[PDB]
Amino acid sequence: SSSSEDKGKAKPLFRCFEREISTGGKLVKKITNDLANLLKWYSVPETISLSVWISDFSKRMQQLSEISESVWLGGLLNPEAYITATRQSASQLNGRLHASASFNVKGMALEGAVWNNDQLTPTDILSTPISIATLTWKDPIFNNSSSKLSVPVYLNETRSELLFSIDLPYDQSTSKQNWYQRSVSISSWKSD
Amino acid sequence: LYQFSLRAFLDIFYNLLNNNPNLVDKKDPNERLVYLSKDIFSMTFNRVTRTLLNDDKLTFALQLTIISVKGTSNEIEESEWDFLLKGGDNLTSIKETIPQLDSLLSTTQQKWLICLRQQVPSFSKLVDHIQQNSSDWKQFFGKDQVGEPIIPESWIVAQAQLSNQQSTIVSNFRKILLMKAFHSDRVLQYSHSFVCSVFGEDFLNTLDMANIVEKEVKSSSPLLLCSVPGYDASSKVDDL
Amino acid sequence: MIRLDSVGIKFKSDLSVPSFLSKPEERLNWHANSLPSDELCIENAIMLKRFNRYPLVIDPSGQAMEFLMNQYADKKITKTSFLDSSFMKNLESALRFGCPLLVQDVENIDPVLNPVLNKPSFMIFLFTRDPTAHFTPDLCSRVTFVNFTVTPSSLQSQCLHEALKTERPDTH
Amino acid sequence: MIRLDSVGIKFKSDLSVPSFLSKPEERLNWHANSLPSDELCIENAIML
Amino acid sequence: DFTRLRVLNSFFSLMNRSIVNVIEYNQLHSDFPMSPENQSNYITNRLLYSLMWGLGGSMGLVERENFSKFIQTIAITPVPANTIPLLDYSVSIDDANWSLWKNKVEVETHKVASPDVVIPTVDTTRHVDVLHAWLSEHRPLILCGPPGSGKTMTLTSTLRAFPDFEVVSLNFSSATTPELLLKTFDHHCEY
Amino acid sequence: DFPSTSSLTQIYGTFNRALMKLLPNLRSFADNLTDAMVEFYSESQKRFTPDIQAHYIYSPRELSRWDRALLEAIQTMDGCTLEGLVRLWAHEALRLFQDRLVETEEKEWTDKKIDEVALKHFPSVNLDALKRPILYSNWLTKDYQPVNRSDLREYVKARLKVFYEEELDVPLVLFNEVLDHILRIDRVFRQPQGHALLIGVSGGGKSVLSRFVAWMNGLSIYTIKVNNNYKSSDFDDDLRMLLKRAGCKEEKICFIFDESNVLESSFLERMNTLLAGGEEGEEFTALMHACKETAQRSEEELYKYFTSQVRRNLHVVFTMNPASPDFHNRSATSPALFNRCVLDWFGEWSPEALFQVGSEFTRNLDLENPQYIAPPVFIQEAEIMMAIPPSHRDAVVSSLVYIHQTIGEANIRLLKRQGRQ
Ligand SMILES: Nc1ncnc2c1ncn2[C@@H]1O[C@H](COP(=O)(O)OP(=O)(O)O)[C@@H](O)[C@H]1O
Ligand SMILES: Nc1ncnc2c1ncn2[C@@H]1O[C@H](COP(=O)(O)OP(=O)(O)O)[C@@H](O)[C@H]1O
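Residue numbers (our numbering), protein chains in the order written: chain A, 1 to 192; chain B, 1 to 240; chain C, 1 to 172; chain D, 1 to 48; chain E, 1 to 191; chain F, 1 to 421.
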């Protein structure tokens, strides 16, 4: 009754977005009409309320639009792809990922840590958002890697789909063991 | 996993009347009805708790509680028992804000407060209270502050007077609502506490398997031991 | 009656409003004054007595105006009309001396009576000769209609009673 | 009952189908035989 | 009713106005007058523009829309795509080529729904251009539509954008007569 | 013609974006408001077309009165929450769209769209915002603000006890609709050039209620006393004075003019002119001499001053029965009436109102009977509406209502058979 009536009012890179836009649309239309009738073409957390799926869904299609006229990584429909893409594009120019001919992402979050003084350091928060980051594919630097911490970037909280892995320096004041058990990770998608 | 039978309740009811320890000396009618009125709850919980997984012993305890005060002085308002179950369920659609409180509350926090003032009449004057006496709600809405959140006594009294409800039990319930709204990790702490202010520090406490299987279970009723993966009850049986 | 019955309220099944609001003696005097004997007139006579709002009589055949004229002579009954201006004054006199005033040709009633009809021994009777006449909803609301136009049943009675009254004068 | 009343058929405004079809003694024994003591069951009892 | 002279006058008055914008334009930009190129495209556009408002003004809305389409699907001179009723377009005195009305022309809390405020739209805009041509010629135009449609507003507003007009309202009734209208003069004018 | 929905959304979107500055806490609800006002307005305009009822014409004028009423309310309140903004939006929708409706079936459609639109655009609003009845009044608190049937009744009931000794000693049953009208009429009197058009049954309450509220606003009541010999020359006379006390005396007045009052077509025209703006021979002298006189207490400017008092000091309350053949054609006759006044449809008295009146008029009669058993057909009747197990008194009063209605229908039948009305 009330539930459906509601939802209704809310309804080597170009290669990539082409499929996003494309795919999004098909889903736009698909769900657009499928509802009208009555009267997960992408990955998201097991449990997650309907209102949020919709709320988030709606925000993703907009993400989509802003892309047409022309990057919320964990908001795209195929994050894996966008990356495997940038691999070649970022490669089609200059050419192992690395953070800081390279792209920039926003919408990610630090889980179990915070970034103070160009490094990972302890916190009382379960997770804090990252406004943006620069990644670059290398071949060069990954040599001083025994003094840095490997932080995995998962599609989302569940920690069940790894997009890629990124190396970062950490507040050496704490043990490398204290860190390994802290289990810091990065979610590319965080709800609010 | 929670299939309970009428026969099972009737069995509890029988003992509430006859085999009630708490009631084996007095014979006065208007005296005995006192124990009878309250013991139905605790006695039912004693028998049901044996089937419930730990995270559900309080959940069912809250239901039993809400029912026991029904029709008494300290009976929980519907709007109040409602907010607990649905409160803020729509948060992701709240566009109203509370400017007057940016120096004190986050965005989501404000949103939540709008729900409270909006859904529950007892909290009609919460935003104005938070406004007038900021330094009490101070540490409450505050980040990394050692010390458990503290709902200001000033509020636990101001509101205890606005509504014609000066009851502890009801007061303890209004505390769950604030916690659901601003500290979800405290919901259990405070629920437990509320339940305990109706029955007793003890009602929610952990069972001789001797008696049960002996003089407390009719032979027509089997004994199941539904367990969690990897856990084997098999032993327990062979023992007895 | 069906409503009163389906709800549990008690009333008389052989009830007759007239014989419940008038004595068989007065009803008799009514007939002596040219009240046609037909339950329709007898019923109308009752409204002409216990009327709350004033009465506006629909009497095309004139059978009523005769009645009321006799029935009320006693109290100096006046017969005026909204025609000649001689009217207005009669109204003033009849509201001062409390006498019954019958006014013909309601067809054009000055609105300068609404406060009268809307409100001591005074009373007014509005009349019509038009059986096929139309009055506004306003008038309808401030009036107590009493319809004297005869139906085939009404006449059958008037005659039968008249017949007997002559044929079997003894039993009458 | 509304129907009967509307048609002019006379009946007991407050008729207990259970009393109309079983003696008070017949019931005491029903309960003594474990019939739950509620209006629904007493009604069921007459059906049985 | 449709009468031949009623629409031709409405139309002549516009065409004329058109040409007056040239006289007027130069009169300012005397510096470097209008190019033959322009005084033709512009005028020839102002002709087609003038036909739809001079004859379509007295038509329904969708009517005038169909009617304008027609003009477009027959005209010679350059006309915007058959994907926007020439109605939605105007004619710029500079470029001299068609323009989109949408490209044409805030409030204070307390004057919000205040009677005298007029949030400008495509309608009010193209309306002042048309009424301007008729008011300049001092013709007796008639704004016709249902009550609330914007008539009283459209007028008092166009006249506001011309400080040389002193307007005086009057509300005719079933019994208005030469005299009433007359008396209303002897109280603003001088014989 | 009428601006389009897009054209409109843009016009009022601007108005609202600017009005919502008085409410920083609701800044994101502005375009929200515009979409709801523009949507409900369009829906009503298409559901209520002239072929159904003459006066069922609508225009952006509604959207404007709507926005101006919003602006006024908001200016007299220390803040407002979404629910506040939504209830205010519903209330004004009801005054500007529902009051005029004739059939209940038409008012329900309205009550339904209001709710429907409100949820489509104000999804986070709590339904408590739309709890019926949606009432408002400036009589029980400092400024405008919601009110409920009870508190309002205890009030009007008190203000009525004093109205009786003084003014009119006619007992008024405050049934639901009555409360609804002595509030709508109020709004009208609380405004400049405020004129009302009450159309309904005769003896339904239009005049007495118009009085009680003329009285509440300290307005003086006036009415021409027409008679079987009252000429179209008799009128301007009273007119000279009515306006006289309004402009010169600065005396607030409620002129309750009835449809029977127009004994001549010329009669409408006079009012039809004074209906809008505010307003010869030797007369024209004192009609300025007094001006001057009070003007005290340039010639032309002097007469504007008079015609400017009348306007914001005199109130016209027209009353009509939509059954007298001097009705429908009345609009085509005096187009300022159903076009300049606030039309409030009284209509008939509901079965619920009839229950009340019959109830209170028999409050002192002994209609008790402890030996009375409510029959099944009647216990059911109370169910749809009266004590848990209907009482003897209930049986009586409700049967007074039932009987009243049988006469309505017997009338329809009489008409469809003997053609008598
Ligand atoms: N573009 C607009 N800007 C502001 N208000 C408008 C606009 N269009 C319509 N309106 C509103 O619609 C109403 C139209 O009334 P008006 O034009 O004065 O009467 P009529 O159309 O009967 O002559 C006005 O009250 C005004 O508030
Ligand atoms: N709400 C009410 N309760 C009780 N009596 C009423 C009510 N409304 C009207 N009446 C009675 O009915 C009469 C109605 O007259 P009035 O309202 O002045 O005329 P109209 O309704 O035709 O304009 C009054 O004299 C009054 O006594």
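In case anyone wonders, no lab produced these hints; they're calculated from the structure. One or more of the hints may lead you astray.
Said to hold, decoys possible - No farther apart than 20 Å at their CA atoms in a straight line, the calculated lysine to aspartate or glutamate pairs in the EDC-like style are these:
id, chain 1, residue 1, chain 2, residue 2
1, B, 143, A, 192
2, E, 111, F, 280
3, F, 120, A, 192
4, C, 79, C, 110
5, F, 120, A, 56
6, F, 225, C, 25
Evaluation of the provided hints:
Among the hinted pairs, residue 143 of chain B with residue 192 of chain A is consistent with the structure: their alpha-carbon atoms are about 17 Å apart, no more than 20 Å. Taking the CA atoms of residue 111 of chain E and residue 280 of chain F, the gap is near 37 Å; set against the 20 Å cutoff, the hint is violated. Distance check on the hinted pair: residue 120 of chain F and residue 192 of chain A sit about 23 Å apart at the alpha-carbon level, beyond 20 Å; violated. The suggested pairing of residue 79 of chain C with residue 110 of chain C holds, with an alpha-carbon distance near 17 Å, which does not exceed 20 Å.
Taking the CA atoms of residue 120 of chain F and residue 56 of chain A, the gap is about 19 Å. The hint holds against a cut of 20 Å. The suggested pairing of residue 225 of chain F with residue 25 of chain C is violated, with an alpha-carbon distance near 46 Å, which exceeds 20 Å.
Comparing the model with each numbered hint stated earlier shows that hints 2, 3 and 6 do not hold.
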